[PDB]
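Only one chain comes next, encoded as structure tokens, the form deposited without the partner chain.
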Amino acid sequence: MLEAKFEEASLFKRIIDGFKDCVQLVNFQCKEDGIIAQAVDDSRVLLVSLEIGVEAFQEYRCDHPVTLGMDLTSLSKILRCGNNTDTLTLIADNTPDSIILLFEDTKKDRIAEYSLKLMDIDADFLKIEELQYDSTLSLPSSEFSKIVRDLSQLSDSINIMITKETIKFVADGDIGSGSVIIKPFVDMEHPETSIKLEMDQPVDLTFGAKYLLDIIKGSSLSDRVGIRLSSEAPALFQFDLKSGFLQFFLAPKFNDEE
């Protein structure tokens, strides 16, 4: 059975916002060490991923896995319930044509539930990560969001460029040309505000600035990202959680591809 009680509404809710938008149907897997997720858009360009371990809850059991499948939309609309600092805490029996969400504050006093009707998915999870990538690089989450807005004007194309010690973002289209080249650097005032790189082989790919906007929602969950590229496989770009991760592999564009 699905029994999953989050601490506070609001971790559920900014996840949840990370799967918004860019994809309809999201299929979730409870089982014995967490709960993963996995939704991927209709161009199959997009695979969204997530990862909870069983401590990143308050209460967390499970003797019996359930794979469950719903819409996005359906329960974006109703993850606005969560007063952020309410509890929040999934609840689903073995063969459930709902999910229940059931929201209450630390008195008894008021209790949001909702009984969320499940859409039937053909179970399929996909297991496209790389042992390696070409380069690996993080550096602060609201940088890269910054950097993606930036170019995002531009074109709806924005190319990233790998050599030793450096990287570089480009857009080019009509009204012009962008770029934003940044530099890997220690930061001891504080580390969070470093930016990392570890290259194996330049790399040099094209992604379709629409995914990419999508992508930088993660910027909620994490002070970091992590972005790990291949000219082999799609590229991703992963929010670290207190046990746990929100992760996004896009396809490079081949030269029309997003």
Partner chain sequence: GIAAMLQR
Contents of the next structure:
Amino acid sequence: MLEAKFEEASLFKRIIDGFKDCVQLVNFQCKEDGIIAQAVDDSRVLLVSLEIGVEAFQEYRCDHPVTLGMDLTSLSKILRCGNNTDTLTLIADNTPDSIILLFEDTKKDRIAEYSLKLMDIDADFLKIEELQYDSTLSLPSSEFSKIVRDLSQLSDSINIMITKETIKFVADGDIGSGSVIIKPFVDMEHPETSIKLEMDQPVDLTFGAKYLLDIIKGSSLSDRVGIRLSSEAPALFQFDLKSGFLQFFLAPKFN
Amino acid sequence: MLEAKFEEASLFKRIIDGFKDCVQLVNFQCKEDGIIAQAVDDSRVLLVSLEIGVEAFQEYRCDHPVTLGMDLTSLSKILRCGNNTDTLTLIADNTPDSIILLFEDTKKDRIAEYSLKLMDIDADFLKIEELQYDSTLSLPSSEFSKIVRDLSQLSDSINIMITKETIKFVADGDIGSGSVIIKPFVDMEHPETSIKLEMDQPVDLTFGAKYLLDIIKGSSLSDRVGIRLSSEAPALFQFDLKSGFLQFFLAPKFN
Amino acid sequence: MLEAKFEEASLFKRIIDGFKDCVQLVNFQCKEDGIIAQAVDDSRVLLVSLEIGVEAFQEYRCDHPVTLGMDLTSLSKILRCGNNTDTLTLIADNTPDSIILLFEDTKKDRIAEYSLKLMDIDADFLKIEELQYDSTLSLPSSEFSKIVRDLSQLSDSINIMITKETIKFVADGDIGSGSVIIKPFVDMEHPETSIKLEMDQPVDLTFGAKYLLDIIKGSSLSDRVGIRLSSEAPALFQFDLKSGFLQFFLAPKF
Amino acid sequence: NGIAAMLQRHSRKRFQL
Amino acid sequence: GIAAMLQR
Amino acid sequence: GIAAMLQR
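Got the form deposited without the partner chain; could you also share the form solved in complex with the partner chain?
The next block holds the full complex; its first chain is the one shown before.
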């Protein structure tokens, strides 16, 4: 058996909502220390990696490793089915045909029990060894989201350019071009609005706006986004959870 | 003549909005004691019965029985045409070509007069004799709405199962199955959230989700919905007005 | 050079949003005394005239007359790109390839610079000599908007009929007909809700609902709308700015 | 049988007076 | 057209 | 592709 209870049901929906577009069939691998999940999209340029630690649940039991594969389209149909104030519990038996999602209300009344049929999928889980990156930055999700959404309107490619104490996003297309230049700053009133930057080397990478427009959906999980770039290597966009993360590894464009 | 003045124009729009989908052409039958209306859908499994009593209007006159048939698509185009604070008055002559809807504002200014052409329709008005039912419940419209909307996503059928101190809604389909179990409770803080249940016999009926998805649109009239079920007989879903009701009689899916 | 700074970036977006549907390619003509813009739609029944005076900007410089033509579809893609609290500055050089839109935040941080490529367009700017009109009215934009939106549902034509102390909007169609009669009135509590009317002669004009449904998008600019009608002539629907206006000259139906 | 049929299945044998 | 009518 | 590039 697996019994994992999220304190708020909403969290699981938001988690799935960051992946849900950009990758439809995914294997969730539960074990003693939490659940992890990985998937690559059909064009093989974007890898999504999920890690929910035990500390993110209010109760968690997993007596034996269990892989449960689900269609996320199906799963998110069932996750418009509890209030953002019910508890959600995932329940699975040994070698399961199906996953149970149990939504329960605080006043002992209104149980919603859903049984979702599972799927058979090819489990290429990758031990991703932390690379070192030429640059690291973190900024508000919403700000990053707005930058990407705005520049997308000018082209299918967005170029991220890092120099010392300067981050520059640029898009260039048929109607014209645009650039957003933001500078590191720490505001003590609310340090969630801070923009931070660690640069070893300058970097200059270009990415598909199609992919950035799916990545920015991680904003449902976190106030902030971490972006790690290097010129050799795929970029990491990371959204932190309470004891976990959702990561997106995106291949740059050769131009 | 007919002169019927609603205190608030909004009421008539909400009334029509509970029927508007699920049945397009309907005969409204006015007489001394208020207006009644009936319609059956094309598949003949759902009958909609409306009753607005005299007490629901602020002024009402009907010297002679009068049937006025209208296309509800047409009528709801004209009922986005007054503020929720204007008065609406229905005016019709003897044997009418047309119904007049007169929206008037409190400050003696802004008259909007609409003349809607009437239709000829076949008036099988049914004296519906009150059945006795195996069970009666009432619950919030919104809650009922959410249940139906959620389960509809899993199947074309929703099964309603009543036992003592338990109401259970179940749907079963290709991706999985779902069930929502709610229990009677009276919360005196807000008694509009209450769930009430009166059971003589257990019942176990199945209904088309297509029809439940139209019935739940009565939520525009009432905070609450009354559901009367029996195993012999069509189910009654009722939404109450100030001195009237909108009822839906639905045939179960016998299996 | 041209340097024109709006205090709030939102204002320029709202301005463009009143024109944006109903006319896509437009020449903005900057000069010493502000920017003016004109356009006629593809069916040639509607002329849109814009005038932003110098007083509408917080800073304005225009050393030399400059025409800059832009596709409004393009331009409004770039004007979902600043907050309603940034400053927007238009920057152009002499004989420009391009217009620069510079969005800057109050705290000296977040610059967004956009460079929009310009377009070549045929500049039939019309000196419109003030006509005299048989009637003038002003009413709330929202009220006018609701009238138009409501009657549009009954027909493709809406008839505006003015008599002494009475304004009557009528549409007549297949499902039925409808009329809204409003009377001039001044409510002292909030005089923004007032309806004012000056009638020299009665008028009776009919207009295409398609065009009225685009005109009412000027409501993004002003609480009120001025309507000037005469029986000889195209109607003027005008939405006032802080030191400017957006006007719609609409041909009646016959 | 329609829904009307089902509604009227007892009052069909009653005379409507 | 509309330019014409305005110019009258 | 991405699997590969990461593996390095």
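Here the rigid core means the biggest group of C-alpha atoms that line up within 1.5 Å when the two forms are laid on top of each other. Positions refer to the first chain, counted from 1.
S.K.: Following rigid core alignment, is the displacement of the residue 128 C-alpha between the two forms equal to or greater than 2 angstroms?
M.R.: Yes, the C-alpha position differs by at least 2 Å between the two forms.
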